[PDB]
Amino acid sequence: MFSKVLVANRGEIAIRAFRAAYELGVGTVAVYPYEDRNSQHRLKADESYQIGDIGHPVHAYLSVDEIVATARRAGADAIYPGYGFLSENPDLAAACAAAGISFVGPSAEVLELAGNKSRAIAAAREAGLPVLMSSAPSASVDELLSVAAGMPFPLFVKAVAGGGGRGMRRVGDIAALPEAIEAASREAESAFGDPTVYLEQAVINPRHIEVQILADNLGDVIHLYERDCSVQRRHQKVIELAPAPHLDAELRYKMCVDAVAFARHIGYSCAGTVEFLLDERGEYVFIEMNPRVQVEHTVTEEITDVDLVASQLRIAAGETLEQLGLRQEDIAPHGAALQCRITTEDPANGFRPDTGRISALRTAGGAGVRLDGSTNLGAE
Amino acid sequence: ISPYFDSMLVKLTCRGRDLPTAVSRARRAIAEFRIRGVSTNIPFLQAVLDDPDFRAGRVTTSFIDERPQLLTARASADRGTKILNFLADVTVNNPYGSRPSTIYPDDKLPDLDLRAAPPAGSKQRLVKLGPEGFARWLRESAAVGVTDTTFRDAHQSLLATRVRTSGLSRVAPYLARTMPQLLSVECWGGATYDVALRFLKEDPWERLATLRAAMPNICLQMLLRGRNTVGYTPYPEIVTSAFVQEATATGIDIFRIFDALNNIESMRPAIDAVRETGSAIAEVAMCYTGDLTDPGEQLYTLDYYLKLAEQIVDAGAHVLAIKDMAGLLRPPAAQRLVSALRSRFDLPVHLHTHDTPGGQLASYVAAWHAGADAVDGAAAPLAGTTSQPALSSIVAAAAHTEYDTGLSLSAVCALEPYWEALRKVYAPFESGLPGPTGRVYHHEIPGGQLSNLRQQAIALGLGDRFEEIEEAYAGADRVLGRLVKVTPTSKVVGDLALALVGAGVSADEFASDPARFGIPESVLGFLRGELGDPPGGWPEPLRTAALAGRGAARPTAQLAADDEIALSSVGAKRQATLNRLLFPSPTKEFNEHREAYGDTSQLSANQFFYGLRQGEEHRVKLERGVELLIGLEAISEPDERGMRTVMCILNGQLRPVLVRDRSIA
Amino acid sequence: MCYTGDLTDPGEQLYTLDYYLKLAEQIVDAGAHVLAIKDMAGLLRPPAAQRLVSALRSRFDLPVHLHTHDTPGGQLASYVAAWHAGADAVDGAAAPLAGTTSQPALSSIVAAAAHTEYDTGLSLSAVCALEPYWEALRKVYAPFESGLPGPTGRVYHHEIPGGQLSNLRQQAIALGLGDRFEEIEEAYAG
Ligand SMILES: CC(=O)SCCNC(=O)CCNC(=O)[C@H](O)C(C)(C)COP(=O)(O)OP(=O)(O)OC[C@H]1O[C@@H](n2cnc3c(N)ncnc32)[C@H](O)[C@@H]1OP(=O)(O)O
Ligand SMILES: Nc1ncnc2c1ncn2[C@@H]1O[C@H](COP(=O)(O)OP(=O)(O)O)[C@@H](O)[C@H]1O
Ligand SMILES: [Zn+2]
Ligand SMILES: [Zn+2]
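For the record, the sequence lines run as chains B, A and C.
Using the entry's author numbering, the first residue of the first sequence is number 1, and each one after it goes up by one.
Using the entry's author numbering, the first residue of the second sequence is number 381, and each one after it goes up by one.
Using the entry's author numbering, the first residue of the third sequence is number 666, and each one after it goes up by one.
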């Protein structure tokens, strides 16, 4: 396997990667800015190095050349993105290919397909999935109305670069469509720099369904059943859910089947997920496909008892899903599970974060309890 | 922990698809867990989890029959806890009182790209041509080679040889990359060995290795003292040969060899050992005393030095040097001596002197105008008084002349603020004189001893008047008949002046009743004749018959066969055996300290000597990529015992340490 | 005549030998009994001094007086290069109050010419016998001490008279920035 691996991330995901690497007997290297010298992940690795200048701690992690140079100096063989930061930036994959360092990810070509959006949709019409109406991305209001004159209303006007639930508006008619579209364009331009907003048919009372896909290099795709993320606050994920209750078996079977067909058609080589929305009458919409690992994978890890990060690392080393034992006749969920996240947001004054020094910490545990990420007394 | 119930701390359960996965997960869990404060049975569990039979599943009631599972030892080798213990002990029990704001010299270093390889220097040339070719090149070169003595001979005469390795190692790369034209650097030997073993708890060999790695393009020079290498007593030949071999192996390029009383057969084995290596340079030095230009100088005349030099050349010397330790060489003496030496022989000449009377650079200017090839220089913030002449003056005195050294003057000036800050840090150990003294012409004393003499006369009685020690040193020197002292015969005369002033002997009645005094044993050992013979002659036609009927001389035990066995191989074992054979008691103290408190040679002067303060954060480098961040939080007043609790911060985590306050007893 | 710069340097286009030579010619035209050179910062090197003294002694017929300070250290060499070429008189401060920003020691000056054709004729024991009184007097004047730690190389860039440097150090201790003294050096340079 790999002799050494560098993790270009921060937080609990770095510690999870370190634990997975230690389970596989692989050395670990960490990089930190000056302002984050007191983080725990610095002391959990075999070697640590400082990157960036004396300012802009966030920009330090978004520097491909510096990380590549540090990995080359430390004699690393692989780079693990994690989630966030440069986890979906094709420049990192190109730079890794330009050197002798391997990149833990699907492929360089797959990363280009998932960024601009709606060419995923072009790939979904071709692969033959249930797909929704897609609007032409345009920052102009007259053009958007000329396309909107033939729509089933109401309509969601969504930022083109918007992702997560940041920058969409529901309009019940076309009379208020132009002001709404102008506001959305201004917000998208101020947020992500692209003033283009696209419309979409607004499906009533939806439920959000996630399907996890695992695939190796030579080509073999398996699914790890569904999840549920219906509980959201301002379109942000709040509480995770076990396999989705009140769901018939035919529904889940055909979701898994067309998800796996799309994944096989798309030429995937790593872990990832596909998203669907299900309505009162029941239909599949294929919102998008996230080509990385989220913070909710642990939930499926509790039902299918299959390791994700270690399997990902072994797949990046050139192993198929045959010596790993991940074949689809012994994978069956048993039990239910759920996950929650604890933050410093105050539910009293807005929801803004609060900063301070921790003066008391008491954890918990027992039967059926798993904890990820842990601070210490006196931390800032 | 409550001594009433069971010792149960935590139950850990690990699960998996199969047994090997659960075992790997348990191994990772038990490795990540950290408990400090009490002794834990973690290593036994780790040994049990790493048994191939246990992984295979051949479990049986008699699984424990295998013995070495129990005593696997290697508990933790915890370095952070020992560093914290030592730091807390220093903080609570610091002998030095209050202090000004902390000074950081590292902020004064100039900006420079420490990534590019340094340009080739004298080590490349010495490797390419060898010793003979290097000597010929130095003789035939119109430039005058400058040697740097800031690392050894500067803080020895001003700061009691108490500068640690951190500052030298921090400043060596800049010296190697702004000044690639220095002939050699003196950074080892003399009194640094004993002080490093005794007062600083460091290993000199590690210092030599660090300095070698730091500077790869400049030769390194070491001051050997003939039979007594770094000690104060004669040593057997095998020890000296082993020491030369180890030192040339670690990276010592040049050996400067002298003797207290200038005579051959006391330095021949060292010269032969240096010449046997085939990659080192031997520089034999003649000690200078008196004033030969004086009409009435009937003992230390030009012919004496000329025959000394003839013998040295017959003995196979690669470089010939003149050693002035008190600053008694005048421009005309130096001119005539250098001219005669250069015209009689065909060897390069090295000049070394101290600046006690002031303005000794003139001597250098008179020497290189007549044939001198190389000179020595100390950096300006640590120059003058009892130290060596400034380097900037030496570089500026030959600029735009046919004797140009080629050293940039801006580059040499750019490093002064760091030396200033470093000297400001070493405030409690300051021993420099007010300025230049004229009196040295009457009571000639080496510059390195005068500071300790001033401190001894401050702290051991008469301190308001210092004359008595001066004319007492003069009288003691005249009694033994004009001795040539540097290290060995300096301390005997110092002790004799001490006893003379303490016994009321004005100037001469000591030679009347020697048997009615408490003469120091170093003086009897001088009179016995193990340091050789005096140049002028034995001063005892009436002093003592043989020894004044004291007794006999103590025997010497032969080395044990295992030591001779270990002296033949190269490695850390030979270095440890030399350390124990040279200075037993301080190396045993150093070994105990290193066992107790790990490795503390990576600390700075401020942490090592003072301790920890509140509001500041310290970075201590353990390994490449392994660094520790240490700070302080609070201190509690002592309980009914003498015990206090100090709350500190390590890697952003709170740590209580229990310490003993020896002040309240 | 006041000395500044380094005339032995190839790029010295202002304070050259000819400038000093015409200065001295004017001084001699003005009716001077003794001609002297004043060095207040210690910027006179052995070779500059040799050439200047030789030219002055060969062009004119006046005695030459040399005065200098010991700020860079080891300025006695300049004296030794001057009296070897024609210089008639030198200056000296007593050893307990010499060095640093003061004038070169008197004992060194007397010992550098003993048993030579340039002998001054001053007893060295007599000059050495008066040092303890000067030491005690300097110990008495403790509150008004303003001497530097030692010799400084930097004077070649920020040339300042020795008599002013002490007050400058005290002013920068007592009027703000005292931990870092560089800024005053390059500000004087600017
Ligand atoms: C899967 C995992 O995350 S755990 C597998 C085990 N390895 C690790 O934990 C990775 C880093 N840990 C270490 O380096 C540990 O010191 C070990 C387990 C390798 C060895 O421990 P020991 O031999 O008992 O102690 P050691 O002499 O190394 O002490 C080193 C000290 O520096 C700290 N340290 C170790 N590595 C680093 C680092 N990269 N940066 C900063 N501090 C570090 C350690 O925490 C320890 O302080 P502590 O007293 O709080 O433990
Ligand atoms: N008409 C709509 N169709 C689909 N998603 C919608 C619609 N209106 C609002 N949304 C919200 O937009 C989000 C779609 O996911 P997206 O914005 O791509 O985020 P992510 O990439 O994190 O999954 C969900 O939060 C969903 O509830
Ligand atoms: Zn010396
Ligand atoms: Zn003046």
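Any given hint might turn out to be false.
DSS-like mimics (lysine-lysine), calculated; alpha carbons at most 30 Å apart, straight line [stated by the list, open to error]:
no.: 1; chain 1: A; residue 1: 581; chain 2: A; residue 2: 391
no.: 2; chain 1: B; residue 1: 117; chain 2: B; residue 2: 237
no.: 3; chain 1: A; residue 1: 391; chain 2: A; residue 2: 462
no.: 4; chain 1: A; residue 1: 871; chain 2: A; residue 2: 703
no.: 5; chain 1: A; residue 1: 968; chain 2: A; residue 2: 871
no.: 6; chain 1: A; residue 1: 1001; chain 2: A; residue 2: 953
no.: 7; chain 1: A; residue 1: 462; chain 2: B; residue 2: 44
no.: 8; chain 1: C; residue 1: 804; chain 2: A; residue 2: 804
no.: 9; chain 1: A; residue 1: 391; chain 2: B; residue 2: 44
no.: 10; chain 1: C; residue 1: 687; chain 2: C; residue 2: 703
no.: 11; chain 1: B; residue 1: 44; chain 2: A; residue 2: 1001
no.: 12; chain 1: A; residue 1: 1001; chain 2: B; residue 2: 4
no.: 13; chain 1: A; residue 1: 462; chain 2: A; residue 2: 581
For the record, the hints were derived by calculation from the structure and aren't laboratory data.
- Against which earlier hints does the structure fall short, listed by number upward? As far as the earlier hints go, only 1 is violated by this structure.
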